[PDB]
Amino acid sequence: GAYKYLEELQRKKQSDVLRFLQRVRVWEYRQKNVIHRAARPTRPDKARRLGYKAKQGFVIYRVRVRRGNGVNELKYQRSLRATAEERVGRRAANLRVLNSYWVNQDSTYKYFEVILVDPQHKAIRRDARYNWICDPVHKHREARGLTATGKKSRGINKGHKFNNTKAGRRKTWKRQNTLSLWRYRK
Amino acid sequence: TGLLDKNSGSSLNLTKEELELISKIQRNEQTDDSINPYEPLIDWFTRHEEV
Amino acid sequence: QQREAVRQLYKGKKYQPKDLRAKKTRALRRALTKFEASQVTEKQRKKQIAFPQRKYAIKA
Amino acid sequence: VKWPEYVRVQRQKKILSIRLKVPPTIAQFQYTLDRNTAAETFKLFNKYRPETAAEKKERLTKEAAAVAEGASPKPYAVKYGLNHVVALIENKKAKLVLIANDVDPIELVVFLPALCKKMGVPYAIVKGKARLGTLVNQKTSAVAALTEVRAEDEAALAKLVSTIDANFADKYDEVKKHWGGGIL
Amino acid sequence: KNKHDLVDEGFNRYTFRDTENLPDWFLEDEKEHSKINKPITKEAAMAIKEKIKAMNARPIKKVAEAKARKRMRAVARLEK
Amino acid sequence: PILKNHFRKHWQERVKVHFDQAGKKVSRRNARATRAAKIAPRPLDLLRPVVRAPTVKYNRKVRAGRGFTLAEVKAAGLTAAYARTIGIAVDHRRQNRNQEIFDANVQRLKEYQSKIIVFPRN
Amino acid sequence: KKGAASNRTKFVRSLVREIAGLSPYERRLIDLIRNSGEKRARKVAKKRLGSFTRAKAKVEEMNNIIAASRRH
Amino acid sequence: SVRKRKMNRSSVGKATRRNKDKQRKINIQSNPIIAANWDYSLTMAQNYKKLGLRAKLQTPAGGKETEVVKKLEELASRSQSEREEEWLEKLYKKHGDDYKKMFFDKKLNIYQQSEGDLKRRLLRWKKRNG
RNA sequence: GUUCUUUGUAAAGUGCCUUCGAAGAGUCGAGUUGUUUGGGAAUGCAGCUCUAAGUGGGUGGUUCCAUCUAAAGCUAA
RNA sequence: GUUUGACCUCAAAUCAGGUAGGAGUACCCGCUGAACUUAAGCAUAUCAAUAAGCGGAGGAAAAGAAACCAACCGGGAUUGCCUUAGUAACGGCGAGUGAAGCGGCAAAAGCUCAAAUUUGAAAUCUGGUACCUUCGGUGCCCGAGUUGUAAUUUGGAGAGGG
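Chains as they are written, first to last, in the authors' numbering: chain N, 2 to 70, 88 to 204; chain m, 203 to 253; chain h, 61 to 120; chain G, 50 to 119, 125 to 238; chain w, 674 to 753; chain L, 8 to 129; chain i, 29 to 100; chain v, 3 to 66, 155 to 167, 175 to 227.
Because the hints were derived from the structure by calculation, they are not lab data.
Careful, some of the hints might be misleading.
Stated by the list, open to error - Under 8 Å between C-beta atoms, here's a sample of chain N residues computed to sit facing chain w:
no., residue
1, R31
2, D124
3, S125
4, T126
Stated by the list, open to error - Pairwise CB distance ranges (calculated):
no., chain 1, residue 1, chain 2, residue 2, range
5, G, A113, L, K122, 49 to 57 Å
6, h, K103, v, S167, 31 to 39 Å
7, G, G174, i, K75, 40 to 48 Å
8, N, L92, w, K708, 18 to 26 Å
9, h, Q68, L, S34, 46 to 54 Å
10, v, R217, N, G2, 35 to 43 Å
11, v, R217, h, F111, 22 to 30 Å
12, i, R98, w, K708, 34 to 42 Å
13, G, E54, N, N175, 53 to 61 Å
What the hints assert, rightly or not - Not the full set, but computed from the structure, chain N residues with beta-carbon under 7 Å of chain i:
no., residue
14, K5
15, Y6
16, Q15
17, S16
18, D17
19, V18
Note that beta-carbon positions come from the ideal geometry of N, C-alpha and C, so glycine has one too.
Hey, can you work out the whole structure from these sequences and the hints?
Structure, rendered in structure tokens:
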């Protein structure tokens, strides 16, 4: 194919080709708006393996976020990527945030390219592989951390290590902090 | 440098070369010399055609 | 008499007036139509003809 | 004078395209096939337009209107998708692979000239993705390949290979070296 | 850290960049955003505050004036 | 002399008393009756395998597993995709290592295949 | 079948390796093998990367860059 | 409450639904043989053992041929297209049974099909004909 | 149940023989400040520095062994 | 050719068609986050990953088909209940905090993309438009699209032939 050549190309980020590509594009993205729409994905390989199909109803938005946070280390423990996903969720409120990836970074700003599906588009409402997003249980997945990075920041996975946050940390706290009393007292 | 030397109570100074090296970090200006920033791409793999 | 006349000139075509349309409720005037919900993918239909859920009884 | 935002941006991007030192896997583009050889490549490539949507529809209704009431060889056309061209190189089925110099993300087609030099596929970086688009019923094509050919066009194709080898690959053996864009 | 250690650290995300041929409206947007946040000390901030402090920073005049401020404050808290 | 009382928090907000024990038993029996009224001739549950429990403590005991395997189903003489339509639970991630467990399951499948009456699609 | 060889991906990784050039530290690292040797080369690589097993694979990778570029 | 207070006061009327007796006794639907022989006074598991059929394949927690013959009774109890038929007519009339020659023919076997495909399809053609 | 349509060298499945055969990067990781956990094993997460590999990589268990396939997504009770 | 024409990017239009906000908020998913108090006076700690504040969903939400647990004669998505169990572990080892595997049971269900050429044919889709048996279908047209929509393939492998 062609995307394996692309995939293994973008794994080298400080390599002289992709160094130059990233040098031009970081400046070019500064000259535009903060949240603006991309004509097409810059990394179509990574877009596609995160589930971007180049068809009507699929949108790529490019987004910018400030970096960082002991006053200057009063932390703010939510990610930069979740902040970005939420902002594009509000400017494009008719869409549904599917996934997002890293494109270019800087001293001040990390950039992302969110991928968005139009659930009202009839090319999405048919085709039984993508019409799950039209179900109203996906209205703002990025606002509730149901995206890839949100599920990471929530700490939702499997095992010993995620026992405090496997069904969600609020749910497990409320469950284990409940005096359960039966009719015939145990 | 505002700090006191361990060898002697006199103020620890910096050499010209070190001061040059600090500045060349902060404006990024190529620290290790005797290298080309722009080497020709020596095609170490495409030299031999595949059968 | 006016409304049913407008119903007759807009008979059986896409885009009839927003008052002559069904009222239902907002959440149901979104939400995938019966065709778009029962629409299964091309692969699952092959899997469903090849292996439908067979009816059985266990004793004799 | 005062220009718009986007006009200033594309003019700034134009002068930025010149004034920076560029890595030799890029600027291996823009060292591209000249006017005569480009016109002669297309004089062959225009004979293999993929059958347009209207032409295909009318012919396949002609099949229906005839065959339902009252042998053909496999037809040859240019091959035009990047997944399909980089499939065809490494098969190895490509005899002439045409590569556009102007691609929206440049990173897309950077491996392709050197992968063609690796496989032994006689490639030519031709100027314009629009110009490739014209011969292929698409707005843009990025890549166009010529796998198989009619025997009338076979000798012309083999000579097109040899002309491109001599004109392109031999004049631009220095292009694998030399970082472009040192223009004062 | 010796010379040899810093020569390693010198190769950044931002090395191998031309700076003399390029137009100023581009470099003035790069140089703002090409600063790698290296860890600091209090020990260094001390000396850099001792380096910038000039001669007329604290004369007799401004010392006497500083006490003239604080006397007025000590008066203003007996005005209540 | 020890005792530990976890009533330092606002415990009085989260006190769940299960008065609905009798109500929820009725509710599950109604659920089973409904499911058996919809799935008429079929049991109410899939055919589950015999399995040896882990840990030095419980390796004496034999228990229900999730599903068989592609191996146990093939050795029985049928396919995994077809086993599910006949109501045999299939476990892809489980492995076969013990011969006694294997043979017990194959005979459980074989006796099941003798006792069943599969309806035709017509 | 842990890392099944895959003739094609070995080719693709090495194909991108030669085209992309080297990262500025690897560019120093390959100069450092020729002058100072693998001793200091692994020392810088370990400080640069995460662990020592990282520095093993990386200096060997760079030694194969040298082994191909110089001889064959 | 706030909303319930008004709704119990208003002249709109409550949307009263008396669906409690329907929760216990749900009619059996998927099989008419079972639908005729199901004693609703008995429970689920009692109506399974009455008929004979096993209700739970795992041994339950706790303490526990009249109709199955009728089921057994009702359980013990692809053509070709015009163009495909005419294609097989052509192959048989030109060759007969020489499948090697029949499949190496460019004019009639345009799809380069094997010998086994040809003998199977021709026998389907021969069974439907004389 | 009754009935109208089905087609096209169309769509599958089983077993054997024969030829091949990829797997999610500013991500894992490392350091680091801060938060957080029963998690002393440094439990999770967030920011910042640096940043990988494919007979890979992660997680456990007294020379090794076992068990998973991350960094993509849906799904009732 | 000092002309004409492809594209690329960026706009506009009371353009055609859509969609987002606000309410409710018990439960549910997030973000943000105290204090009174309790600890011997008390920067840790505790109340508490609580209340208040802010956003976002549904009939449930979330979770979920292992980068899981174990150490067995091995189990096998999640969730919930009994048990583990005030156990392991944390803590001026102080006040206090405090699980999970196993076993039983409730309920159970599995799958889908990206990454290998359809290349003997973009097989795909949206809109406009005229009919019809109208949650749609059919015909024609403008497009989206090769910087990749379809079919095949997802490790339980899988694919091309015989």
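Structure-based check of each hint:
{"no.": "1", "hint": "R31", "in the structure": "6 Å, holds"}
{"no.": "2", "hint": "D124", "in the structure": "5 Å, holds"}
{"no.": "3", "hint": "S125", "in the structure": "5 Å, holds"}
{"no.": "4", "hint": "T126", "in the structure": "5 Å, holds"}
{"no.": "5", "hint": "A113/G / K122/L: 49 to 57 Å", "in the structure": "55 Å, holds"}
{"no.": "6", "hint": "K103/h / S167/v: 31 to 39 Å", "in the structure": "35 Å, holds"}
{"no.": "7", "hint": "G174/G / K75/i: 40 to 48 Å", "in the structure": "43 Å, holds"}
{"no.": "8", "hint": "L92/N / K708/w: 18 to 26 Å", "in the structure": "21 Å, holds"}
{"no.": "9", "hint": "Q68/h / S34/L: 46 to 54 Å", "in the structure": "52 Å, holds"}
{"no.": "10", "hint": "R217/v / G2/N: 35 to 43 Å", "in the structure": "37 Å, holds"}
{"no.": "11", "hint": "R217/v / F111/h: 22 to 30 Å", "in the structure": "25 Å, holds"}
{"no.": "12", "hint": "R98/i / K708/w: 34 to 42 Å", "in the structure": "39 Å, holds"}
{"no.": "13", "hint": "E54/G / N175/N: 53 to 61 Å", "in the structure": "45 Å, violated"}
{"no.": "14", "hint": "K5", "in the structure": "5 Å, holds"}
{"no.": "15", "hint": "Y6", "in the structure": "6 Å, holds"}
{"no.": "16", "hint": "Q15", "in the structure": "4 Å, holds"}
{"no.": "17", "hint": "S16", "in the structure": "4 Å, holds"}
{"no.": "18", "hint": "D17", "in the structure": "3 Å, holds"}
{"no.": "19", "hint": "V18", "in the structure": "5 Å, holds"}
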